[PDB]
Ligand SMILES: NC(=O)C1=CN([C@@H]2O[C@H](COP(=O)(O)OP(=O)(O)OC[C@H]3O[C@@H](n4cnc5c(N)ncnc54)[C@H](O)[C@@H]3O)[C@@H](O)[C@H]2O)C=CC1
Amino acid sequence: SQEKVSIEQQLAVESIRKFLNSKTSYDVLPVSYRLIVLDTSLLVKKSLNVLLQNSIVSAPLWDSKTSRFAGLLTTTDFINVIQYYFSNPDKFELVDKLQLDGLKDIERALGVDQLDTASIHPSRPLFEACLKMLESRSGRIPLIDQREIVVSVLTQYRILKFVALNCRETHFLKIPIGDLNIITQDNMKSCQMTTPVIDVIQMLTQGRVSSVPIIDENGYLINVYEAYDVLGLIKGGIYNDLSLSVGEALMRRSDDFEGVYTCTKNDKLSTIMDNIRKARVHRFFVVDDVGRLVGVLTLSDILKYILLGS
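Any chance of seeing just this one chain in the form deposited without the named molecule?
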């Protein structure tokens, strides 16, 4: 019965909140882990190597001139670069010799500059860490303890994966996701396989979103272009592939790519949490009965639901 399912879900949710309010990020870190920091002087295209090389997608930056944490190197960083050299060709050398220090320079230059680098102390409750992340669409926050030092970076994914793995109450979230006003709908850009990658990459920036779905004349979801696909697109300095179509670009994707996940309005967060535990999912595209894009369920949407409710 619906109402019996509702009560079981609201209880399970309050419980998870009670969990996250009682533990600190510190409490959730491994007994021994590793942090990869990159010197501000390092070459942007060179930093692209280290990321892929160690299979990480972000890394904190340290300014040696000032002996301080210089922020978070992520994917948006590289995308900015792509739009620059694109709208400013014949400046290759300014891009090929660009350093992490100059990164802020290009960003704050042609194009709106995201001048924000959240951070939180390791002893604050985990629930508080999730709130700060719910602002920075990066969905990741560095734990900093002053003198400054980076203890670790915390991701939305690691959190959702922590709950799904340690909080049995996830088994009790059976309310169909469509009944939970969490799905993101209208205002979600899409494209076609033939669409030029720079235009898709451009869409990434603008709409300030991590992925752009690819549909057909009608609205069938065929695949998806994720901001992440940008790294491999420029491995150790590239600009050639910048003239291909999304369709062609997507062929650089590694043989080990897990694939795009979809679900429907009738799927339950129980099932969704289940899949987050079994794989590196970062979003679930919501298709209808025949496979037409209806919306998207982000980790953010999910995390936002678990903390503040629908």
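The term rigid core refers to the most C-alpha atoms you can superpose between the two forms while keeping them within 1.5 Å. Residue numbers count along the first chain shown, from 1. Compared with the form deposited with the named molecule bound:
- In the core-aligned comparison between the two forms, the C-alpha of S136 is the only one from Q206, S136, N223, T74 that shifts by 2 Å or more.
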The other form holds:
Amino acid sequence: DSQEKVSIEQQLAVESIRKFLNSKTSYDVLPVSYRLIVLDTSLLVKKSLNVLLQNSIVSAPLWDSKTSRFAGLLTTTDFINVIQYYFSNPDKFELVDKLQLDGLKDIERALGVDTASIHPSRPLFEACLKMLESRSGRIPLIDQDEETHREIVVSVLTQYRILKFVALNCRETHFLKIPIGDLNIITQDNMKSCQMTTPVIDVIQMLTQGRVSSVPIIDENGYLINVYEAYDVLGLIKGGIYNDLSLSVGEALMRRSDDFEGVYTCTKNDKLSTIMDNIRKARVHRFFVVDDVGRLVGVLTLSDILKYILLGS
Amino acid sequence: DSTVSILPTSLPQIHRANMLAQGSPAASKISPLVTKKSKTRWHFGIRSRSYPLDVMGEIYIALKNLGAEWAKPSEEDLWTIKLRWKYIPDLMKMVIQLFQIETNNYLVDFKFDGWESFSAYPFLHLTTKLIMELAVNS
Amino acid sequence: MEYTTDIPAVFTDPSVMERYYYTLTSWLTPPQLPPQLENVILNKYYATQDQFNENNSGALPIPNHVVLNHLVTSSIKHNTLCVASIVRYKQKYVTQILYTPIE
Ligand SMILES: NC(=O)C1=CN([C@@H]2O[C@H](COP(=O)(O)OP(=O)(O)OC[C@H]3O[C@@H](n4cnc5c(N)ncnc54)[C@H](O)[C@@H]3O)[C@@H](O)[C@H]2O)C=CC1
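Coords for the form deposited with the named molecule bound, given the form deposited without the named molecule:
Time for the whole complex; same chain goes first.
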């Protein structure tokens, strides 16, 4: 009876959130005034890194001044590629140092590695769907220039901001009281992880190999100690690094800024109500699921949370 | 109730301290990245210490060398340049205006005006060309 | 209007401005800078945006409609130019910022 009640209020809360997403556009998530930072593709990768760090961002649309076209987004992945190229080609330090953003495609070719957008006026639910299935944590908001008839970046919408927008407007999240363990939305199987002595380069390899935002760092006995995020790669490359390539992840983590907000953990008995509370109060990108004693059992990311909201169990 | 925590060993101060206690040599060598996010001072357009006709002269020379065209100004609007720049509409329109801040201090205001046979980046890129041309000719 | 690449004589020939001075008010000198385009206002407009995303204070800074589509600049840093324009998107306002190198 009490578990049947918990279950119906959850459905009630989910159906309400869903209706909110179907009733709002991506444009509605936009602040009334905001900044869009765009980088000309002839800018040095080196300098574009400083731009991102100065302005507390991790992504920026790219603009080709020769063709008057947008040319995709700069993300941590691009910097992974540069690191991987350099590690494999340590002789090419000069090329890497003078690498321009439009030279990024040649780096990709040398490595042999292979973008969703949405019209702002479209339903926010639809923006959530497209972002999920593009396997990206971001979606550029693109419209058409009324004069030139050209594709224009209006903004970049992130999973975090969407979930925060939901959380802020919809206090019904409080009634999502089913433990996440009973919801079958945590990834438990085939956790890609490493240890403190694992070379950072191999962890970076794991990032692109698994197509994941972070690698959990455990000890011999499976206790979660820390995490390596793709975001950390920016810090790693900052100021040009060469001796600090074959470094261990533990060593590389000392580059982390003192205002690093930390890694979030939870257990299977935590509720999405609490999870949304945290998203609402702080920029949290995932919750690593541990057991009673702090051993890693799994992870609950923003994409998992959003997938549940849209699709269910 | 809530078992949502921040992992203490994930925090820089504890991670460092554990690495130092483990004896790691890189613990003392590696310092945390301190990104000095310095607030940039923003201004509309560019300022100039030269005088009106001199400044207006400089601007037109830049415009001409950059391949732009402009209207013939009347007496009432001498310090206004209604220009057109080659770069589906083909020609970008700009309105440049000279303002006075002080007797020796002037501001060159640039305004996007449209297209002739929305995104500000074509406009921003062109003003970039213009600003750079003006800096050389000084 | 008719468009041409001929620089107005007033800026190339001293005779033209001389005639104006001599032939018997405000139009002989450039107009004063409008209060809206003052850099103290532009940056408190920047500080209120930063105050909302880092501290959460008050409401977001609506720009004055006067400044829309006007070029914003800053000092050249690391051979990189940083220009911006505050533009309209529906009922929202986008400060479109561009970083370009000096080549
Ligand atoms: N290079 C690429 O293609 C990359 C793609 N992405 C994608 O971005 C989207 C959203 O990202 P986020 O919300 O940050 O989620 P995420 O990037 O952490 O998502 C990865 C998926 O696998 C799970 N996961 C996360 N870390 C894992 C690990 N270390 N080992 C095993 N499974 C792990 C998550 O629960 C999630 O279902 C995801 O679809 C993710 O795949 C993220 C990084 C790189």
